[PDB]
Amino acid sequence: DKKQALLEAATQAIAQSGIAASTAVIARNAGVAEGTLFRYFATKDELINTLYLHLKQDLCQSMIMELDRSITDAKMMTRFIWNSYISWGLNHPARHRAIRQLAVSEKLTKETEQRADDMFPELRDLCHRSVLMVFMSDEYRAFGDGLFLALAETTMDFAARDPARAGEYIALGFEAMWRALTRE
């Protein structure tokens, strides 16, 4: 049970302070000693990796549960995926702030990145058919993920702060994202 309390606490501290969040802070917010956090996670980088995989699985499980297989137009399908991404972030603001900082941290291992793609393999396929070539490359995929997350978090933030127009920010955000990242 302590491992979960550690993830939860790290989720919260990283959302507010990014990866520079203190391990001593995370341990006590979880109700455990820092020395115990390091028995679960030998390094802070190992914590970073496990937390990313944990938040990732949760996000993908939530999107898969809303995935309508009847939708057959690519843009509509990506639109409903986006809505589902935004809705998860709106229901879990800290988990999304944390996942975004983790996702762009350069501390994720190759096994983590590799293991990350295989939770929703078809969503992954869908990208290689829509996304701009440059944003699929080894050099710039990470940047393309960063650009997508910045668009998403900004859409989440305006929807949260002015809910009367949530559905308008989310649709405008999607359209902006679609033009930014996808092929002609």
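Numbering follows the first chain given and starts at 1. Compared with the form deposited in another entry:
Of the residues 102, 89, 159, 21, the one at the hinge where one rigid part turns against the other between these two forms is 89. Domain rotation between these two forms, with the chain taken as two rigid parts and C-alpha atoms superposed, amounts to 13 degrees for the smaller part.
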Contents of the next structure:
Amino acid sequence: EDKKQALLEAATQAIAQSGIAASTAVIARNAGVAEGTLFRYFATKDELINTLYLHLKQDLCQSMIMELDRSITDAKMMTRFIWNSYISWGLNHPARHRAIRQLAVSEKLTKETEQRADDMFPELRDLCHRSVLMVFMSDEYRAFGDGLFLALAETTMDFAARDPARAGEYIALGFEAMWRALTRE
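Other form of same protein, the form deposited in another entry, not the form deposited in one PDB entry:
There are no partners or other molecules in what follows, just the one chain.
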């Protein structure tokens, strides 16, 4: 539904600007529909959080797969592509990125929502289990591992954005920082 879609887009800008606490009424006005129209698509605010996130994460992963040169047979060079695509996505889509960050840090994501976010780039689990330190694949510390990678990717992005001039150098500098910190001997 272009109407569903409109709602997802309005939800993106509203959440980007105000957080998950963004009024379900304000979302509806910006989408041109009535608060009830929305309730028929997203039963609860939590189910919205979860559907947005999947839709944003989908988008994020389409960019990555598309930019991924499947002829790259080197793990580090492969990780470079993911790192590069992840950063470009955020730079070219500030709202989608702000929004997806809130959702992911909202504490309202179902485990169901998690497993659906993986099936969108399964061969990507393949990279980690090759390069990443055993402890960061650990059931106890993988969340932590991904976190470090993410905070590292976010700062690189802040810099690249605030100082366009040098982005390429930040992006490179940030990758090597993350490789030495997260990756195997």
